[PDB]
Amino acid sequence: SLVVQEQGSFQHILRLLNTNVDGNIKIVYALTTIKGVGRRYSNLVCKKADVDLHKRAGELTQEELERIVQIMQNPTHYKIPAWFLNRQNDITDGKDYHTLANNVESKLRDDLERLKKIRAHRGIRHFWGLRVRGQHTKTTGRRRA
Amino acid sequence: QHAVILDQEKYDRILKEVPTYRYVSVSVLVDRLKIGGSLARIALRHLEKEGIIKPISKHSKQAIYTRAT
Amino acid sequence: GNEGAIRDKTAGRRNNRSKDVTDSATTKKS
Amino acid sequence: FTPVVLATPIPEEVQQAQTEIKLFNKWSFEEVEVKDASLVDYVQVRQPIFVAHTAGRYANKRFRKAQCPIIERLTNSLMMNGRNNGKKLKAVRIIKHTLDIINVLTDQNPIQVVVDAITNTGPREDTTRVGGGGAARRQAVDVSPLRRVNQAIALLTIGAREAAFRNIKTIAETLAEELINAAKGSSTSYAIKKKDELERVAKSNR
Amino acid sequence: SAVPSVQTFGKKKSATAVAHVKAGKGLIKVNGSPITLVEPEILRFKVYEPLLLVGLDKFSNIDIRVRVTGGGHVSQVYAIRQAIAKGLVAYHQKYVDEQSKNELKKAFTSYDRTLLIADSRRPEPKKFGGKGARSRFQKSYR
Amino acid sequence: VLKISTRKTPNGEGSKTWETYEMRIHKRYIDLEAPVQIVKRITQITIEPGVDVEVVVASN
Amino acid sequence: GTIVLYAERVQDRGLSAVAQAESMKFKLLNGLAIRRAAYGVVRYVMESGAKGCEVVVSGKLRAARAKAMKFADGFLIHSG
Amino acid sequence: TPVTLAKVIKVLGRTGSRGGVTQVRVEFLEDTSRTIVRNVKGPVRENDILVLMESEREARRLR
Amino acid sequence: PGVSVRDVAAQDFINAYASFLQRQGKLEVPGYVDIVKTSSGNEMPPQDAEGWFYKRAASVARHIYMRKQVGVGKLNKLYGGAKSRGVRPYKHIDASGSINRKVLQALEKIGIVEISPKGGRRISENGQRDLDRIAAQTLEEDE
Amino acid sequence: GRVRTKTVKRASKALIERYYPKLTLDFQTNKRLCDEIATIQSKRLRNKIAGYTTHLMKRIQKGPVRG
RNA sequence: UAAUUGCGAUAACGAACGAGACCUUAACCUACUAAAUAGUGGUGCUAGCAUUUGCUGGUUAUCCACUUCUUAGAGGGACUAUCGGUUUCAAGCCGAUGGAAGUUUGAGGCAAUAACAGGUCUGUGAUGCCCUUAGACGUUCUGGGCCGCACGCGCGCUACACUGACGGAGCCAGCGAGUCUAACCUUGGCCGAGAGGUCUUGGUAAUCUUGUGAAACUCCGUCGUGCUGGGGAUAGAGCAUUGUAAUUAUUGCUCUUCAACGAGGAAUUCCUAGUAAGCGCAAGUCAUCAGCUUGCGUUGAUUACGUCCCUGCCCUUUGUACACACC
Ligand SMILES: [Mg+2]
Ligand SMILES: [Mg+2]
Ligand SMILES: [Mg+2]
Ligand SMILES: [Mg+2]
Ligand SMILES: [Mg+2]
Ligand SMILES: [Mg+2]
Ligand SMILES: [Mg+2]
Ligand SMILES: [Mg+2]
Ligand SMILES: [Mg+2]
Ligand SMILES: [Mg+2]
Ligand SMILES: [Mg+2]
Ligand SMILES: [Mg+2]
Ligand SMILES: [Mg+2]
Ligand SMILES: [Mg+2]
Ligand SMILES: [Mg+2]
Ligand SMILES: [Mg+2]
Ligand SMILES: [Mg+2]
Ligand SMILES: [Mg+2]
Ligand SMILES: [Mg+2]
Ligand SMILES: [Mg+2]
Ligand SMILES: [Mg+2]
Ligand SMILES: [Mg+2]
Ligand SMILES: [Mg+2]
Ligand SMILES: [Mg+2]
Ligand SMILES: [Mg+2]
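Residue numbers (UniProt numbering), protein chains in the order written: chain H, 2 to 146; chain L, 37 to 105; chain Z, 56 to 85; chain P, 20 to 225; chain A, 2 to 143; chain C, 62 to 121; chain R, 82 to 161; chain V, 5 to 67; chain D, 2 to 144; chain X, 2 to 68.
Each hint should be verified, as a subset may be incorrect.
To be verified - Some but not every residue of chain P turned toward chain L, in silico, with C-beta under 10 Å: (1) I29; (2) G105; (3) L108; (4) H116; (5) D119; (6) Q127; (7) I187; (8) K188; (9) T189; (10) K212.
Unchecked claim - Mimicking DSSO-like on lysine-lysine, the simulated pairs with C-alpha atoms at most 30 Å apart in a straight line are: (11) H:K118 x Z:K83; (12) A:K14 x A:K127; (13) L:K97 x D:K78; (14) Z:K84 x H:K118; (15) H:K49 x D:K103; (16) L:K46 x L:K94; (17) P:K222 x V:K14; (18) L:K94 x D:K56; (19) L:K94 x P:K41; (20) A:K106 x P:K45; (21) D:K103 x H:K48; (22) P:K45 x P:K106; (23) A:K140 x A:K128; (24) V:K11 x P:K54; (25) R:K132 x X:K14.
Hints in this document: simulated from the structure, not taken from any laboratory.
We put the CB at the ideal spot given by N, CA and C, even for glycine.
With the hints as constraints, model all of the structure from the sequences given.
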């Protein structure tokens, strides 16, 4: 029975990773406003961070915001297995990563620039504007954008 | 919009208004107040602690509570 | 090869989308 | 009520309100009457039955359809639009809840509230499409006692549905509001709102 | 020893449903569980129904072994409510008496929702040219 | 019931007219107990064209 | 040794149209004609005790555009 | 407001050039000394009761 | 007067055992059990992070009870469900193995099951008593 | 629509014209008779026939029938 | 009448084909023959709960009995029966009673006479003629292409959510398929979040996969009118299975990106009962790949039981200069 009051412990919009996280939506889903974090990740980040899930974003301490922010830096340290991660075994680095925030279009643009610089097919596709995977263009993808 | 944290002020409403209507449901609370539906559902759990409202039909889809006694 | 490909202008998608569609693409009758 | 038992349970709430009398889910069919002639022997509320679902057959004789309870008919016309077809079970629940709701809103008798809204929602005289001569016209024919039950359930179970769409409410709830409105000519009802506009077109071109 | 145990069955769609009715202490069990627990939910009274038209006291002296094979969660329901009432009359056929037996046949057929006569509805074969038995593919002419 | 469904049309013209053929295979067994001669006998005194008979020793 | 070829005669070639089959073949591949070959064959089958017969030839009959003369006689059924 | 009850006496043929209108005749329930033909919309059988609006008119053929 | 789990409501029974299991401290719940979806089909992990593994085990106990010997695979299919395939038609896809298998092995370290002939695990005599004992306490929930 | 074909009627008019007082208004017995006094290739027809010549009867005993 | 199906009318009489009959399949059988590859009853051996004898399991066979459910052989069964109402009171149609079944009992196989310059020479070691025959239009080998994308039409898939989505739990089909000079259907144990893997295993099959423990569905919850967790296109990153070979992504898996779509204009398809619709499943294809067909069962209705308004067809009549027949 979470019929709970508080007086100032709640606060709408708390900024995380230079993003804008709504305080009225449940934690797990509140955090997903950020690029790079889906519902799978945010369900797991908040588990290791000793955070009560029944809460809304607006609640939770700024040390509980600190636990979650930090775990997202390195999930690989808080017992979060690599197959949960969105940049594993980098092409130019060889380690595991989970890119976040502004850094999503970052390494993504890079990758595309990688098979643009090397001038390969899947990149040439990207460049041209057309599709990258072997699907048909005869009949589909029309109306553009 | 609505309301999903007990405004305390809008907690006072909940036990001084629910014995008014004799059909209190999941959305009854939602629309005569401005709850988030999630806290309408835990309003029910609450309002049936030492129940202000009396139940007749409990279900995962639907909730049916009458007035007092 | 690809060098000519990626570096070719007048051959992208803009240059295609710019173009008007042939008026004999909704026509039959043989 | 002389409550025997045997080697297997069988609860007293079953024992009593049953062998004594076949109520609904648990409402009594008796003392509920069709509050308008002509519609009786079409609004089947007499021979009693517990749940609103039976492996019956009403597509062999032409009028054998009315000899089924308006209860189980009210239900059948709920499971509509593709997403809902062939889900009687979800409607029987949808319905069983609906009579409970209505019985709360207005005390009374919930199986009556149904009937009271199935009668006052059947369009007396309608509107046909006569040849008219090109830019055709209409004619104010009258309508069957079976069509005042058929099209009755029609308009209703399209009032509860069409409302509770992108709306915060449930079907059993809007099927309790829309069955209470028309259960005394509210005009807030969907059914009434069309019914008394069919009787307007009829009176127009006779 | 071998006991007086009538046996009948009931079907609806593909659902076959065996029944064993001897002289017993009263238990009425489907599959391996009391007839109270038959929880396809709403359809509960659909199986209690044979027990009320004819009075609960007739079942005080009989053991009911029912079991359902095939069909669906809803067909098994009717499949058993049939065999259950189809053995009660079938006990009176033998061990009891004709006159009393036909108050049981009369209690049910005054109310027959299949009960002791099988609803011969089967499915219909799909034919080529559409997805359904009657439903055809969408034709486009031009 | 060995079933085969195919198109009537060689090539693909006209309504898509589907036709299916059956083959029906009927199995059955009989258990006998009898000495030396009756065994090779029954195989020979009960033989018929089209009918495929077989006798099994016992055990495994 | 474990496979034996046997040879019988025939249940009179007015009852097997497989026999009349290679019959029309040889007749025409003896430079005959339609009606003489066809009425011929049929008269055999008719006087073979059969209830009826039908011999139908399609293709280029008088050459040019192809035709299809049907030469039958007696009693035939079709449907069941 | 004059609300007419009327038991069906005999069902004639089926008019409306479409076919969804049935000719029928009735027995005025309170004044049995009556017999009027009105045009119907729904599937009507004999016996069952109509509710006549402008208790006159009495129509014929329909298209 | 002789309670069998075949007398008890499936929702009730398996909601209770799953609670008595959880307050029996020692089930041996795998290290992960907070990252898995129970199947490849499902979209999210089980929403009751704490005691679903108990529930799951609590289902298998009743399920191997009203039976003979069930296997690892048979369970994967019992549990596996319908599955969105995006813009494609749904098909049934089976469930996790390392979940159900680990449940059975760690149901033997408590003694509710055991490897039987023919394959898979049977219910144990040590455990057949355990259910009928705790089912009864569900059966007497009448104050 | 149930219209008994000629092959039926042409035999009903045929059993009456032969074996009359050996027949009766009953269906079941007449059905048995056909097995003796006639020969019919299929069980269903047998009855189909039987069921017409028994129709005629019930109006033969009511006023003669034309042919 | 569904029918040139009949009653009848009759310068026609009496017949043959077609329709009907017939064959298949789905419905009834406490009547006949049987069953360890199908089931049940008792009985041993054996487990749990109460110990009230009992409720519940286990033993592929301990012993015996039986054929209700199961399988398929042999027949029984229905004839629109019984009464009533109508109509030349004839063929028939309607209604109520019984009955497993009473719309050709439901659904199919088959199916005349005549016709088409419909379609197929790319199914054929079916075939005429022309072509072509070693710089081969024969063949085989390597790579590419059939999928190439400003766009117009067709069939389809998933959706717009609350009668929903997600998470637990509940748990029920039928039609089917499966390895000899092999590698198919695959339980079980173990390993792995997964997709998979590895070690064994049954089955040439009512015997083993399989009770195909399918899905929609049901319940308990979480979410709450928010383009929201409805929706899952686009794309990056990683791991796996098929195959000699995966790039122009085969497929699968995991995370991340989260677009259009807020019920669809003029126009149009299909449909009358276990049907429509929703649902998933086997089989075809298949090394691999179904959003496709061919079938199956699950859940299961609103409306109609009529008409010629429309669009097609058929019959009769009438016009004709058409007969290569209103292209
Ligand atoms: Mg995100
Ligand atoms: Mg488009
Ligand atoms: Mg249903
Ligand atoms: Mg189907
Ligand atoms: Mg035929
Ligand atoms: Mg399942
Ligand atoms: Mg499930
Ligand atoms: Mg999907
Ligand atoms: Mg004729
Ligand atoms: Mg014929
Ligand atoms: Mg056996
Ligand atoms: Mg009847
Ligand atoms: Mg041509
Ligand atoms: Mg070609
Ligand atoms: Mg192609
Ligand atoms: Mg097509
Ligand atoms: Mg989703
Ligand atoms: Mg679900
Ligand atoms: Mg078997
Ligand atoms: Mg979203
Ligand atoms: Mg997603
Ligand atoms: Mg990335
Ligand atoms: Mg396949
Ligand atoms: Mg294809
Ligand atoms: Mg003329």
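Legend entry - Structure versus earlier hints, numbers of those that do not hold, lowest first: 1, 2, 3, 6, 10, 11 and 14
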